[PDB]
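Next up is one chain by itself, shown in C-alpha cells, the form solved without this ligand.
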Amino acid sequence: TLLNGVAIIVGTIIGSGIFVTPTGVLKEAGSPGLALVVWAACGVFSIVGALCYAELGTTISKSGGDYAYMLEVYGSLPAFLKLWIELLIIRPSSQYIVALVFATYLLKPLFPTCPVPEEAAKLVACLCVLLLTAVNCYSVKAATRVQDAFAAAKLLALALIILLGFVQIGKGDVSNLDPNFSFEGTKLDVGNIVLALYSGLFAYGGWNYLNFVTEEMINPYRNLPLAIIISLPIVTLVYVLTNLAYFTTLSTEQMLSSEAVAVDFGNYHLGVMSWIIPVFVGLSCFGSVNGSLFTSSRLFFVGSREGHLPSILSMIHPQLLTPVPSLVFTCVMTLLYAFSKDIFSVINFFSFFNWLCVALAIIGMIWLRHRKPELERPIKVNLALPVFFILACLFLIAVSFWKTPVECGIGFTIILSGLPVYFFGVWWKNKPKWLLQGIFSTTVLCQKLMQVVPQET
C-alpha cells in the first residue's frame, strides 16, 4: 500500500529515546543553535544508513536478521563474535535505558524540583522489567493487546507537547528564546560533538532490524526505498519540533538540570500537569521494553539451529507456550546493567558497539560488491553512498578512544571472553567424554525445572 508503507515505518522508528536524549545533546553541544544542528545532522545520517539496509535486506534475505546477513559473508567465529556482542551488549543495555527512563518519568512527578535518588530509580527499573518479562512468559496473545495501547500513548504525548509548544509562541513573544550563542562556539570538533551525536543517533534507531518484516507482509515490492525517504524526514521533522517546544518554554539551565524535561514543559504549561504528561510518557517507555521481549526470542531460534548457542535455549513451554528459557536469559542480562553509574554513560557504551556492528556489516557489503557479483540484487544503491557511511563511522569510533577509553576497554574485554567459549563451543574435541554426559545432564535438569520442550525438529 502506498501510504501504509510509511505509517507503519514511522511509528517503528519513533522510539521512547526522545524523552531522554534532548538533555544529552544539550550538555554536549552548549546552545540550542548547535543542538538543533545535531538533530538535523543525525537526520540525514540515518537516511543513508537505512538505504544501506534497504538493499542489504533484499539481497540475502534468509531469516534471522543482521546476524544472518553476516553469517553469509564470514560464516565462522566472526559470526559467533557478532552474536556474542548482541546478547551481552546491545540488547541488554538498550532495554535498561528505556526501563531506567520509565522510572525517572514516574518518580519525577513527586520530586518536582529535586533529583531522584540513584538507588530508587534502579529498583523501579528492575521492577518494571521483571514484571514485564513475566507477562511474556504468560500469554503472548494477551501481551500483544498490551502492545496496542502503548503506540497510541507515544503519539498523544508527542503531539500534545507540540500543540502546547505551538500556542506558547502564538500567544505572544515570538522567538521567546532566540538562543544560538554557541551555534558558532563551544565546539571542540572531536570530543563534545561526537558525544552529542551518540545521543542523537540513539534517539531513533531500529531502522536496521525492523524494516525487513515491515515491507514483507504487504509485498509492495521495491517502492519501499522511496517509502523510507518519505518517512525518515517526517521523523526528523517531529524530533526538531519537540526541541522547539523545549528551548522556548524552558531555559537552557532548567533543561540541563533536570532528568525529565517533559514534565518541566508540563509543569509550566498547565496545572493539571500530572494526569497528562508523565502518564503518556510513562506508557510510551513501558512499551519499548515490552516489544523488545517479543522480538528477543527470534534470535535464539536462529543461533541454536546453526550450531552456536547451546540448545537449552530455543525451547518452548507446553500449556500457555512462550519461549521461557530465552526470556529469562534476556532479563538477567538486562538487570546486570543495574551496576551502572550514569544513564549517558550507558548510551555512550551502547552506541560504541552498535556503530561498530553496523560498520562491519557494511564493509562486508562492499567486499560482497568486490567479491561474488550477480547475486540478484533487487535493489542496488549507488556505491558512493555506502562509502560515505563507513568513513563517517570510523570517525565515530576512532574519536571514542580519545574520549572515554575505559568503557571501550571493558567492551573489548568481554569479546575476548567470547573467544574461548567459542573454542569450547563448536571447535572443541569431544574426546574426553566426561563432559558430554554432563552437557546432557545440565540441559535436562533445566527442562525438568522449567517444563520446556524443543522445537518441532
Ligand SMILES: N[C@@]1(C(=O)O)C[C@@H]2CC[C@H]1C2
Contents of the next structure:
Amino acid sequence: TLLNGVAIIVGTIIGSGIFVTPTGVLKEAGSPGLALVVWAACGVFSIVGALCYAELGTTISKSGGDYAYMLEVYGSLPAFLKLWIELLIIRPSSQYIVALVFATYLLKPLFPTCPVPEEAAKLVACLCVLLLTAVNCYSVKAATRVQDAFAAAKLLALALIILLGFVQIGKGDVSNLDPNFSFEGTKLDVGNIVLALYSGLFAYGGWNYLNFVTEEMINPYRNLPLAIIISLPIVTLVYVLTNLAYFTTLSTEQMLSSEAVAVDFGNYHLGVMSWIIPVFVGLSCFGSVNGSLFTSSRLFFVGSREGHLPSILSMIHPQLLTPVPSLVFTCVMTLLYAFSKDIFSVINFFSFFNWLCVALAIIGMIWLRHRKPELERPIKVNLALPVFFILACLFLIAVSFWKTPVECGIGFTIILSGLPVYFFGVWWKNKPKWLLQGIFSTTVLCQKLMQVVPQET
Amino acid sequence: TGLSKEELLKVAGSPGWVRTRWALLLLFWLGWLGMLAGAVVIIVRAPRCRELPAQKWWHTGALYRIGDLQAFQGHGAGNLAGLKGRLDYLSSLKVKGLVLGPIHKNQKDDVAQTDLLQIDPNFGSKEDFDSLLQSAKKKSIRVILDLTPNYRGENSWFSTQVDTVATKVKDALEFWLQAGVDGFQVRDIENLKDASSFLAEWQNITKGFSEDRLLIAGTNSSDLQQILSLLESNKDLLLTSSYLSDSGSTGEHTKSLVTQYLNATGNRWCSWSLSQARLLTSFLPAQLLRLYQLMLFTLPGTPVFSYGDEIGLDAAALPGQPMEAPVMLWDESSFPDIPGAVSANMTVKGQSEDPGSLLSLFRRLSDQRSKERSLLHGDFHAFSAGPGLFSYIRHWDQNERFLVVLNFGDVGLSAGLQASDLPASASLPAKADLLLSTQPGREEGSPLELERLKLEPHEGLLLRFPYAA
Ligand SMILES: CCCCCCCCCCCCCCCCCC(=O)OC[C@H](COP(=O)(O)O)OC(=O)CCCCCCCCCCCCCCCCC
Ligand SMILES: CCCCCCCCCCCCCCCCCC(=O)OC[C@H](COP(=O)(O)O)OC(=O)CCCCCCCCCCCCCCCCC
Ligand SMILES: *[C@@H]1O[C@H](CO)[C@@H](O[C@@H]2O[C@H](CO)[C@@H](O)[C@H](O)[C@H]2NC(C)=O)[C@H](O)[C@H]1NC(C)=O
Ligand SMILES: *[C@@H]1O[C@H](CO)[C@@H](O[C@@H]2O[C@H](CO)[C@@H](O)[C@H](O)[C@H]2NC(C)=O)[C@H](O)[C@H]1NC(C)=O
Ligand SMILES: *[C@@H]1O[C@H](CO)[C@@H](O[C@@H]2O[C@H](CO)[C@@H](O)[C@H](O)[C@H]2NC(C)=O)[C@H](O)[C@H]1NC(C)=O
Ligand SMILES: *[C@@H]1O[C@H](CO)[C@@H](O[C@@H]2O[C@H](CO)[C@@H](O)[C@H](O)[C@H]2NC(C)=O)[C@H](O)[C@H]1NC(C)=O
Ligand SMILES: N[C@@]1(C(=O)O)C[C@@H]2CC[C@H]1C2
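Return one more block: the form deposited with this ligand bound, after the form solved without this ligand shown previously.
Zooming out: every chain and molecule, the one shown earlier first.
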C-alpha cells in the first residue's frame, strides 16, 4: 500500500546533493549549530512545496509535469519560456554539478590532501557524461537495471555514515566538538543566510519533476498526501544525522577546507578508506547523471507535440528504441558548462531560475483558483498554504539581486534570447518557402545521419 | 510535422549511409579515448602531495606560563579550585597548554623537608588537582607541571648533594604521569651539576611512559654554544632560554639571532620565547610589544608566553608590586591595594571589547596560528630587505602562503623586497593581499603592491598570498 509508496518517494530524493552541500552551508553560516537549522528549514519548505504539486498535479494531469501546468495556465510564449529555461539553465546545470562531484571523489582519494587540478576534474566529468548517454542511446532494458543497482550503493553509504557517526559519540568524547559558536553571529539575514538556503535546497531537489508517477500505480486516489508528511521529514531526519556525523567526527576547519567532506570522515574512522567512501559515493553520483537521462526523453515528447521544439528532436530509432536526437541535445548542452569556474557559483546559478519557475506554477495554481472554479479539484489545500509558500519563495529571488547579480544578469540574456526565436519559431509567417524547404532539408539530413523515425502516428 | 516518415525512410537511408554511420560512430570512441588517456596524462604529470608531518599537541598553538596562582586570580581565590573557573578565558586565547606550578611542598631551603609527591595545602588537594585535569581535558587544554624543586629560595636546585635531589625528580615523573598530567617543566638548569645528562634520562622517562608527553627546560643563558651543548644528545627537548632577551632593536641583528638559531639546529622544532619566566614587558618598551608578538606567532616553533603578555602587563607602570609576580588586572577592582591607580585601557575587561587593543591582536594571531596549515608546519625562508627590516615567508606545499614584514627602526621606510633566492614554489607576486597590520590605519583586505610598499615607524605587516605559478 503506502508502505511501498513511501520508499519510492524517498528514492527520487537523496541523490548527491548531500555529498556537496555540507561544505556549502557550513561555509555561509559560520557555526555548525546554525548550519543544522538550515537543514531543518529546507525540510519544512519542501513539505509545503511538494504538497502543492500533490494538489496541482492531480487537477490537470495531462503529461509532462511543470510544463503542461505552465501550458494550461499560460499557453503562449510563457510556456515556451519555461521550456527554454529548463532546457538551457536548469537541466544542464543540474547534471554538470553531479558529474563534477563524481570526478572529485575519484581524484581526492588519490592525492589525498591537495586541491585536485581543475583541468583534470573537468575531463572526468565529461567521461562520466559522454559514456553515460551512450549507454542510454543503447537499450533502456540495460539502462534501467544499471540504475537499479545505484540506489543500493547510495543508501548503503548513507546508512554507513550514520552508524559510523553514532558510535563516535558513544565510544569516547560525547559531543566532541559541540560547537554553536556563530549561533549569535555570522547571520547577515539578507546575504549569507539565503545562499545557505540555495545550496541546502539543492540536496532536496527532485520533489517536483518526478512525484507525479506515485499516484496512479497504487490507485490511492486521495491517500497520497498522507504519505507525503510521513515520507519527507524522515528524509529530513537523514540529512540531519549525517551533519551530526560530520560535525562530531570532523572539525569546523576541515569542512571549510576540503572539496570532499566524506573522505575526511572516511580517513578518521579506518584504514581501508579507498574501497568504501569514494566507491559507495562514486556510485551515487554516477546514478543521478544516469537517472537524469531517462527523464530527458519524456520531456521532448511533450514539447514537440505542441509545436515547439523542432521535430528533429523527439524521434526514436527503429531497432532498440532510445530517442537519439533527444539524448544528444542533452549531453551537448551539459558539456558547455565545462566552461564554468566553481561549483557553488553554479548552484547559485542553478537555484535562481529553479525557484523562479517553481514559483510561477503555483501562482498559476492560485490564479486558477480566483478565476475558473469547479474544475473538480480532488485535493483541498488551505487558502494560504500555497501563499505561505510563495511569499517565502519570492523572497529568495529578489534578495539574489543585492547578492551576486553577475549570474542573474546573464541568465536574463539567455531567456530574452528565447523570445527572438519564439517569433521566428511559431509566430512566423511561413511565406519565404526557402526555409520551409530548408527545414525539411535539414530534418531529412539529421534523420539520415542518425537513423531516426518519427513517433508512432 | 516536418516528418520524413519511417517506411519511406528505410529506402532513402541505406545505400552508403550504412558505412558513414558505422564510421561516424567510430570517431566517437576514438574521440573518447583521446579524452580518457588525455586525462590520465594530467593526473600523472600532476606533482605529488606532501604528507603531514605527524604533529603532536604542543606543535599546534602557544603555551601559557602561569607562575604564581595567588597573583593570577588574586587575593581570596588563589587556589586550584579558583583556577577551574578561568579556563573559559584561556580557551578564548586558544592556548594548547598551561605551564602550571610548582605546587608541591617546599618548606624552605631544605633537601629533607621538600616533597614532590605532596602538594601544598595553600592550594588544595589532589581531588582539587584531579578535578582540574579532568575539567581542562574536557576543553582540550593540557596541563604541564612545573617541577623545579627549590622554588622559594636562592638556589633552585639545593647547593648540597645532588643525586637525592635528582632521585626525587626521578620518582616524581613516575607518580604524576599516573595522575594524568601531560608533560613537565624544570627550570634554571644552569644550577644543575652535569645538566645535559639528567635531562636525557628524564626525557627517556617521559618517553618511557607515552609519546604525547613533553619536557620543557629553562635556563638564563643567552649564549648559543651554551644552549647547543644542552641539545647535543637530546633532540625532542623543548628549551626556553633568554637567547632573544638582548635588546638590539635593529632588524639585521634580530635576523642574525633567529636564522643562526635555525641554521645551527638545522630545522628542528624550536620554542620561541624571550625569557624562561619573565614577561615580555620586562625587556621591551611599550611600543615594541605589538611587534614581537606577531614575530613570535610566525617563527617556526611553539611560542611560549607568560600571563599578562597578551594585555601588556607591565609591573613598572604599577608601583607597590612584586616584579617577579605581578597582579593580573582583570578589571578596575583587580588592584585592591591602591584605588584609582588603574586606567580603563589597562585591564582584561576593558581590552576585551576594543578591536584595536593589544589583547585583540593576540586573539587574531592565535586564531590564525592553529588553523593555517602553512603557519603550523611550514618551511621557513627569510630573505634580504631594507636596513631596519626583518622579513620572511612561511609556506607549506599548496596552502595559503604568508609574508611578514617587520619594522624595528623608527624611520618610515619602504619595502625594497627583492627575492632573488627564493625557490620556484615560493616565488612572489607583485600584488599581494593584506590580512592585518599592527599599527591601525590600514585597509585590512586591500591587495597591496610589494614594490610600492612603505612602512611606518615600528609597524609590522602580516600579508598573505595564495599558491600560484
Ligand atoms: C545541438 C544539438 C544538435 C543535435 C540535435 C539537432 C537539433 C537541431 C535544432 C537545435 C535547436 C532546437 C531548438 C530550436 C528553438 C525552437 C524553435 C522552434 O520551436 O521551431 C519550431 C519549428 C516547427 O518545426 P516543425 O514542427 O517540424 O514544422 O521548427 C523550426 O522552425 C526550425 C527552425 C530552425 C532554426 C531555429 C532558429 C535559429 C535562428 C538562428 C540561427 C543561427 C544559426 C547559426 C549561424 C552561424 C553560426 C556559426
Ligand atoms: C566538447 C565536445 C567533445 C565531446 C562531445 C563531442 C560531440 C559529439 C556529439 C555529442 C555527444 C554524442 C554522444 C554519443 C552519441 C552516440 C551514442 C551511440 O552509440 O548511438 C548509436 C547511433 C545509432 O547507430 P546506427 O545504427 O549506426 O544509427 O549512432 C548514431 O546515430 C550516430 C551518433 C553520432 C553523432 C555524433 C555527431 C552528431 C552530428 C550532429 C549534427 C547536427 C547538425 C544539425 C544540427 C545543428 C544545429 C546547430
Ligand atoms: C635513555 O638515554 C640513554 C643515554 O642517555 C640511552 O641509552 C641507555 O643508557 C643507559 C645508561 O645510563 C642504560 O642503562 C640503558 O639501558 C640504555 N638504554 C637502552 C640500551 O635502550 C637510551 O637509548 C635512552 N632511552 C630511550 C628509550 O631512548
Ligand atoms: C644566571 O644567573 C646568575 C645570577 O646572577 C648569573 O650569575 C652567576 O651567579 C652565580 C651565583 O649566583 C655565580 O656562581 C656565577 O659565577 C655567576 N655567573 C657569572 C658568569 O659570574 C649567571 O651568570 C646567569 N647565567 C648566565 C649564562 O648568564
Ligand atoms: C649556515 O647555512 C649555510 C648555508 O646557507 C652554511 O654555511 C656554510 O658554512 C661553510 C663552513 O663554515 C662555508 O664554507 C660555506 O661558505 C657556508 N655557506 C654559506 C652560504 O654561508 C651552513 O650550512 C650553516 N653554517 C654552519 C656554521 O653550519
Ligand atoms: C589609554 O589611551 C589614552 C589615549 O591614547 C592614553 O593617553 C595618552 O597616553 C600617552 C602615553 O601614555 C601620553 O603621551 C598622552 O599624553 C596621553 N594622552 C592624554 C590625552 O592623556 C593613555 O595613556 C592610555 N593608557 C595607558 C595606561 O597607557
Ligand atoms: N535533485 C538532485 C538529485 O539528487 O536528484 C539533482 C541535483 C543534484 C542533487 C539534487 C540536485
